[PDB]
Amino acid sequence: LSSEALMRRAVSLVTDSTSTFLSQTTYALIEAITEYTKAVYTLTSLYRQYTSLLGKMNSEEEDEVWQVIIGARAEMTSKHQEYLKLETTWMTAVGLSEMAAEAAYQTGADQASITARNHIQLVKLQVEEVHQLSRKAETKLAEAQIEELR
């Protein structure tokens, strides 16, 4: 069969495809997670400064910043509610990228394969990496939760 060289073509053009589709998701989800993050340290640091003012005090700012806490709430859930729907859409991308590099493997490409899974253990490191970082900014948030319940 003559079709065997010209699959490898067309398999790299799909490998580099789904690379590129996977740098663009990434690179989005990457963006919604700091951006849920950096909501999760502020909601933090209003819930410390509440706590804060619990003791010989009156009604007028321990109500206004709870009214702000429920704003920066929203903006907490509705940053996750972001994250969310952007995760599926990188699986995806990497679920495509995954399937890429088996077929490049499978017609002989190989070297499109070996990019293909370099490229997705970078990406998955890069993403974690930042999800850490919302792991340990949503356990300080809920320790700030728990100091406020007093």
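Heads up, when I say rigid core I mean the largest set of C-alphas that superpose within 1.5 Å between the two forms. Positions refer to the first chain, counted from 1. First, how it differs from the form deposited in another entry.
Summarising the superposition on the core between these two forms, the listed residues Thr92, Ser52, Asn58, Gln81 contain exactly one with a Cα shift of 2 Å or larger, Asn58.
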Given for the second form:
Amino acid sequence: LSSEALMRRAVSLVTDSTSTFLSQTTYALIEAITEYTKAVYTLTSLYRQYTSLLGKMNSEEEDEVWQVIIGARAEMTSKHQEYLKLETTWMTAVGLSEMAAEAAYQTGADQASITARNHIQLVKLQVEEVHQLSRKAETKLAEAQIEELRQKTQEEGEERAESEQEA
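Could I have the structure of this protein in the form deposited in another entry, to go alongside the form deposited in one PDB entry above?
Nothing else is written out below except the one chain.
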């Protein structure tokens, strides 16, 4: 084959292989953000349960619920860290596919170039959507934590006031 045919053959393999790597890393990242989002919802549920139990637990039971919350936080943290690692690799996969698209363009393989660029846009949209879902969960967690603190503050103020008047 001619030099230009050899360059086109080679760039086609580069675009196919970087497309595959981008798809795999996108799938893994989306799965990891999903698992983190589930852990955020679990913790949010725990804060809400804990809030509903305030005033209603002996000191040992309260300590035990708090330990479960500490454990649920560890799980959420570990899932967050795992997705951040995968997201780092995914960013490299996106840059590789961008460079592959430029190589395809420069060699005159325009269909490979445009298809790669469409693929990068699609996976960015997909990752943005899963991030939006995660932020919805994080908002609910923040709300739950704020309500717990607001209630705990009221509880401690009530218990002070009781202790004083009792005395």
